[PDB]
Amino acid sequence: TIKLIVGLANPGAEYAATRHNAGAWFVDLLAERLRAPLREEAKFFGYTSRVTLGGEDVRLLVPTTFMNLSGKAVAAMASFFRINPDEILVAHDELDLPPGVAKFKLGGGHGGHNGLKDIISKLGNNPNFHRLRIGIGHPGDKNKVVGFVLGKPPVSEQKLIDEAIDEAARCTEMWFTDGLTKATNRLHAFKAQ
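The structure of the preceding chain alone is requested, in the form solved without the RNA.
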């Protein structure tokens, strides 16, 4: 089962609407719907909250370390509550999926995402945690990636990302009540059928 949900981001109003904060948008949505506000806790290097999802006790985390230093926050929370890597779900922006699509994945590398890279490192070089890949599209080549992920999406793309995040939230809840297989089958069918 999942005990911790992490949403990757950079802190501050300066980065709030940028693509690289897609993971945080997901966590914010969960907290908003449950009316369980996130509060920054120094000890965990990020915003935290505790909610009941599908009847289960789940903790939320949005690091305030800056993206490339995210591992520090995930490791601090996981160590205090004694949570295993496969009991963690990390939501993040995904260049390899278009806006409007989202997918679950267990393990694998970081694929060039520096937030994921640091988490793998800080968990003791262990990539075996779950991920919610939120599609943001790809600009074309590596040279344009920096300005793209740190850029704000046009309104039409934002609407598509919001739809995927909403569906992803419902499927995450389904994971708790009905299991990962059913939750995955529903999410991966979104926009595919």
Second form
There are 2 protein chains.
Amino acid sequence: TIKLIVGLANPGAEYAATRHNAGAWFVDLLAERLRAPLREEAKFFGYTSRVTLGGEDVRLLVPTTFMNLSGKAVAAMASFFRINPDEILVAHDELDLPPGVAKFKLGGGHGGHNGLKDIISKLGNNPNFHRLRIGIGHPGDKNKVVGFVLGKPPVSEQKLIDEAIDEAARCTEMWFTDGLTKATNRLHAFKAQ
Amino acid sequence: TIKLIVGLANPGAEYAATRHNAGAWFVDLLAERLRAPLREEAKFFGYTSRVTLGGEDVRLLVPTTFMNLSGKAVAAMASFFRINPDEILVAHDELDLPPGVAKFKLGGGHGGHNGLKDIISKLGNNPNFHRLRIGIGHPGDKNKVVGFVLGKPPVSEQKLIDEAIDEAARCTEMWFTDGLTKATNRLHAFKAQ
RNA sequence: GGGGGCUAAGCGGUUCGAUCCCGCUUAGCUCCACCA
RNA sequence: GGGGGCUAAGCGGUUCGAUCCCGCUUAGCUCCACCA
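Switching from the form solved without the RNA: structure of the form deposited with the RNA bound?
After this comes the whole thing, all chains and molecules, with the earlier chain placed first.
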């Protein structure tokens, strides 16, 4: 049972096209597919919609905070709606998976992701929320990770990320109508090349 | 400045001689050197003494709880005496140093030490206390660590541990009269062989 | 769930004096370990 | 500050059927990463 779906981002035009906004690409696509365009809501520190999935209210959130303050947005919506951590799904860019792959995950580490870190903190040092890990691949040199995630992927990688997100959107819907086992069975058998 | 000095142990005669009681060996020696034999105090879940070091009251503690409940003894004494985490020195066995070596440390991890884990947890998820790391070496096979720390060291390793503890006691006293820089300068230049 | 050992630069300490012994910071190399 | 990939056993799922695809659990192999 998922009640909140979050897509992580930095704000503003100059970050819209960056790998670190992949979570937001996902939620944006999902908002379109569900025909619930997102609207700014200052008190939740982000854009939001309400959708019906498996006959229940689900909320979509793309924070407008900087990435490292995503928690303030997640905590605010979760608090207002009385949503538990395990009812939250956070979509984010994942360095340890290649472009064109995406995976579900419950709980665990942040992998150095500054947005996930903050969410874990602002939820009360609680990592037990669901995640959608959208593969962006990793840079040649581990020192240039910041440059990498705040970088615009080349066309060839962007297409793969968009295909994974496309499939992840469909699998997210499937999670609601058929359950997580079937939705994972489909998503983890997908690899765009 | 240090106000509480803790020596970690499991209770009972079948554990007194084991590597995992090295911290208690240290505090037992320190209580003898300072001529304050330890007495049982139920509310602090341990044996305790009061000593004078560099002009001030310092308390000694060997918990009588199981190792994994050491925090209950540390938290109880700290609370009663209004002692901050950074005023606590916890002496414990350390796998990553060989017999005959001991080191000071402020903050950081527990390295899987169940005693330190519980203290960190019961001080409020706060690792920022001082430590005396008494080298006991590591077993050949990493699966055999429980057998190793709950094992009686052979005479040869025991003598080295006792030499390191002897020097660590002297350096602990030197910390109070001459400062941590000098006490570390001496302790980290020691290696019993 | 994070540690050992080592190198370089910088700073402070010990020391009669330290490129030599100790600490801290920045950058590396390497061995182990938790997630598993 | 913990991840990727793979192997074996056991359990469940997908599937017309799966030793072949997905999950979980136990044990292991390997590559990466945080402390650094």
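Numbering follows the first chain given and starts at 1. What we label the rigid core is the largest C-alpha set whose atoms superpose within 1.5 Å from one form to the other.
When the two forms are overlaid on the rigid core, CA displacement between the two forms of 2 Å or more is confined, within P154, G140, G124, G147, to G140. With the core held fixed, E56 shows a CA shift of 2 Å or greater between the two forms.
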